[PDB]
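The residues making up each chain are set out below.
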Amino acid sequence: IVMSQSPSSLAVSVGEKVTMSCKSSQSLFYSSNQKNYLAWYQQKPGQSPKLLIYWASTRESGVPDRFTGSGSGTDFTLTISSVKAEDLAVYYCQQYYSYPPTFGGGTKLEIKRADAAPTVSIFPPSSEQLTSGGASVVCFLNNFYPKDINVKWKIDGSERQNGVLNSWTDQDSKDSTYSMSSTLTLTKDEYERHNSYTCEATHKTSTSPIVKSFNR
Amino acid sequence: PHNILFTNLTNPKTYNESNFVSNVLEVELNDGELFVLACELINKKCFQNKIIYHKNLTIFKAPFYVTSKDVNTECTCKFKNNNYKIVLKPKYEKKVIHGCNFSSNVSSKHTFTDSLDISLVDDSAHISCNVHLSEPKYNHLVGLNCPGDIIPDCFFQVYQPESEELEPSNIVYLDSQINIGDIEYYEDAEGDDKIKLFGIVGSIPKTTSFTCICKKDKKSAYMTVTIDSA
Amino acid sequence: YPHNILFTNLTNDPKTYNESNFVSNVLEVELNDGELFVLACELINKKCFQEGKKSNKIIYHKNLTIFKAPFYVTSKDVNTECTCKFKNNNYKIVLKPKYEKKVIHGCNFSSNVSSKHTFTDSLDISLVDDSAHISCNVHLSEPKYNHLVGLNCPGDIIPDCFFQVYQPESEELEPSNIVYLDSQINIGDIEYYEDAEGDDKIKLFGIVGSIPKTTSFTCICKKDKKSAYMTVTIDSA
Amino acid sequence: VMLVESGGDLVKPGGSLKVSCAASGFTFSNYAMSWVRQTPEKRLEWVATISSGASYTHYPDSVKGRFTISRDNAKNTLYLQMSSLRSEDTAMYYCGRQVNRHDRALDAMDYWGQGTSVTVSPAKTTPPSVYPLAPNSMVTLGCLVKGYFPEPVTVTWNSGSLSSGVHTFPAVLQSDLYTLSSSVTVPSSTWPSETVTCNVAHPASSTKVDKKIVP
Amino acid sequence: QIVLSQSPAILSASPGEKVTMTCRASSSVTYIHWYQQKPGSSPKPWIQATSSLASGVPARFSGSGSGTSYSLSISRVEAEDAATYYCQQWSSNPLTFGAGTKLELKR
Ligand SMILES: *[C@@H]1O[C@H](CO[C@@H]2O[C@@H](C)[C@@H](O)[C@@H](O)[C@@H]2O)[C@@H](O[C@@H]2O[C@H](CO)[C@@H](O[C@@H]3O[C@H](CO)[C@@H](O)[C@H](O)[C@@H]3O)[C@H](O)[C@H]2NC(C)=O)[C@H](O)[C@H]1NC(C)=O
Ligand SMILES: *[C@@H]1O[C@H](CO)[C@@H](O)[C@H](O)[C@H]1NC(C)=O
Ligand SMILES: *[C@@H]1O[C@H](CO)[C@@H](O)[C@H](O)[C@H]1NC(C)=O
Ligand SMILES: *[C@@H]1O[C@H](CO)[C@@H](O)[C@H](O)[C@H]1NC(C)=O
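Residue numbers (the entry's author numbering), protein chains in the order written: chain J, 2 to 217; chain F, 183 to 193, 200 to 236, 247 to 428; chain A, 182 to 194, 200 to 239, 245 to 428; chain I, 2 to 136, 143 to 222; chain C, 1 to 107.
It should be emphasised that the hints constitute simulated quantities derived from the structure, not laboratory data.
Beta carbons: idealized from backbone N, C-alpha and C, even for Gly.
Treat the hints with care, since some could be wrong.
To be verified - Here are some, though not all, of the chain F residues that point toward chain I, as calculated from beta-carbon distances under 10 Å: (1) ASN211; (2) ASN218; (3) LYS287; (4) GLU291; (5) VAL294; (6) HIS338.
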């Protein structure tokens, strides 16, 4: 029984109404019981999941009243009356009609803060790293919004994207912003063959990319 | 009514076709539990033990000992042109057997408190293996694993304990000897080894003892059991 | 909507029998073929089934005992005396089956006439030719069945009858094999019975209901150099 | 309700590993337990289900014949043996208790354990190579942890003196090995006047590096 | 057809030994007949219907098996038991015999 959860990510605003979809591959309704064998879970960041709703709308003892899920047959939806800043988690859908119980993809809840531009910062390879025979340049990009961002590496103007390390962070509790670390790994040999190393970012905020480069 | 699992599929905890999962009903029957099903059996026979098949109804008693967690008795019902399967097996508890394993194979499915490899004993000898039980209430399995003949039919029949004076010891029925009622019995065979045992639940009127004899080729042995109360 | 069964409410916490049905604290209950007796009371010695001047199935549960009456018996008055208690009273329940001379539909190959069993047909194998193979046919054609089919062989039997049986003879040159009676007659409730009178082994099976298809089978009995075989045929519809 | 599982370790592919779960705060013999793993992709996969009296078990085709669930009702523990492990079995396994209010073998899960991490990998546990990152209104500083195995690695700045305005980054599978970095932005007045020390910790190789940032 | 494999080919034993030969069938068979043949004579009926002993066959002989595995056992081998033993099936056309296990003696 394939469980789908659209959409993947959900940008929400504190207090607004939120709805999550869960489409099933098969019926989950025992006619005589008139109960749907579906359950919804909330996985807080850095925390184990927690059951919210079972059957069709029967919520668990201790679950807030604002969480109102409803569905039948294959269509299932989880509606929140007023989004608190606490319940910003990944919400999962699960069937327990027949073996095996299958889970959903999850709908992440993000905070809709005012679009923020990133503060880029480049770093040359450390002297100690060069001694070992390698040289990698790290370009830091943090505290921005939205998630969509493209970083470009310029080895003396040439675009070499091979051997790049791009990592993202989650919604920062303080400022609800994202952070990204791009790292261009190279050998000491090739590194010394070039002089200036440019790092540019293509973000929604500006048409002209923000540049930050150093010349050895 | 406190130890009955009732499954209603025809026209005291009452299960119906809602507790089934994909038309399957896994039933864990506690040792002190009963199961009464009400349906029209497909082939009117079932349970691939003590069962009673009466008209469109069936009742099964939980066995005291279970060897493999997979062993199970399976019934298939047909109600409203639909097929429902009920798997019944007792709660898996690896109970120990309070007796002597005279056999030498070590890959057995049964575990004995005492043991005495009869194959090592002298020919034309008669060595004893004593097992004692001392609890107010009992819930134990007493038996032996003999690779050869067993005297008498244990443990439905047993051998009276030894007389201090010159009096003969006779073969008696275990029910009379220990003076209790629903003694469950169980048998098993691993190659040539015979595994005969009996269960015991509850207290006991008077401290009594008995013996069971195991012979193999020219070697012989005997297990003496002793249970006490009051 | 059940019937046949008898229930004896002698505690606190379907033909119902209670204290009123006793005579001088005795219940001379007379069970019938395939009749289930049930009582719900605290027995004195947590046990009942004995002789009092034969239990196929007895289930003992806490403050409750279930007994199903067997289908074949030769004892005139084989009784069971469940001695129970309720309030400050002591009641006894004497169970006994209705005496009926059930006639086994089969062939008695033995010669002894002081047997406890009665066969519809018979063929003294001791009179048969050595190195011979004589048949003793048996047939059934009732709409519903409630019969005992077996044989009394003074020697070895082939195969293990009637749990295993021998396929009927083929008109063409085809082999006949050994099958389980369960599959052959294609029913579920097959009771089996065994007995021994001296050297005579007597094995039989019980049939209740209407069979799906008209089926036939054979069982072989040999003694010394003599031999015989019983051919059974049961009809459906 | 106390569901605490333990036993997660780096296991080589093909090898086995049995993890346990400690039940407390309820009648263990009355509720049926299940294992559910969470992949690093944050996907939830059901692993196995066991009946209250450990007589019936359930496994999906994925791990059928490979994994074996068990429980000790007396010791109030739930065991999960995992044989012939594969790279895909590298997940965060959770010990969950199925609902008993509805008398049915298959149901949702009341409570969830903390979680024990499994990593089915054939790599050699190597220590990390820490490299400092030195270069306005606010000067940013970094610290790179490259060439280490396996997860996790701990990082902090100035023994925890400052926490706000710092951004650490998750590790990435680079050339069979993990690699991550952290970023700490401080006012231009505070650096290079004050010494900032990157506090790293790789328990799997018992390495403690405290490299300060020097321009 | 059904292939009947008899092992061992030669079963040498000393008087008194408990011996057993094996008749392994290619497919399942419901019964196996056993015949003993001593040189200079035709085969003789020995074990009927897997386990029943033919008239005059001493009690030391025994037959046991089912499906694709049958056997013949002698509790205390006597000198007169030295012969070739054949197993026979007819669960399906054609009726097939076995290769034959020859009982040899030891001195
Ligand atoms: C099988 O049994 C279930 C449950 O019934 C209860 O549990 C059994 C084990 C027995 O003990 C029964 O004696 C006992 O009543 C039956 O499910 C039930 O069906 C009814 C409808 O027929 C449901 O009523 C609904 O209730 C919802 C919620 O209030 C309403 O929205 C509906 O409009 C409707 O009124 C009832 O809730 C439901 N119970 C459960 C627990 O799901 C089932 O019908 C029965 N099936 C058969 C074939 O007998
Ligand atoms: C048992 O099944 C019958 C089916 O006709 C139904 O009428 C009855 O209410 C059921 N009882 C219980 C307790 O489930
Ligand atoms: C027990 O061990 C003996 C060793 O002689 C062996 O023959 C027999 O097959 C074993 N039993 C089982 C059940 O493996
Ligand atoms: C037995 O009979 C009494 C009185 O008639 C009644 O109150 C009680 O409920 C009955 N018990 C059972 C189990 O039928």
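Next on the checklist: When the structure is checked against the list of hints, which entries are broken? Sort them ascending.
Outcome noted: Of the numbered hints, 1, 5 and 6 do not hold.
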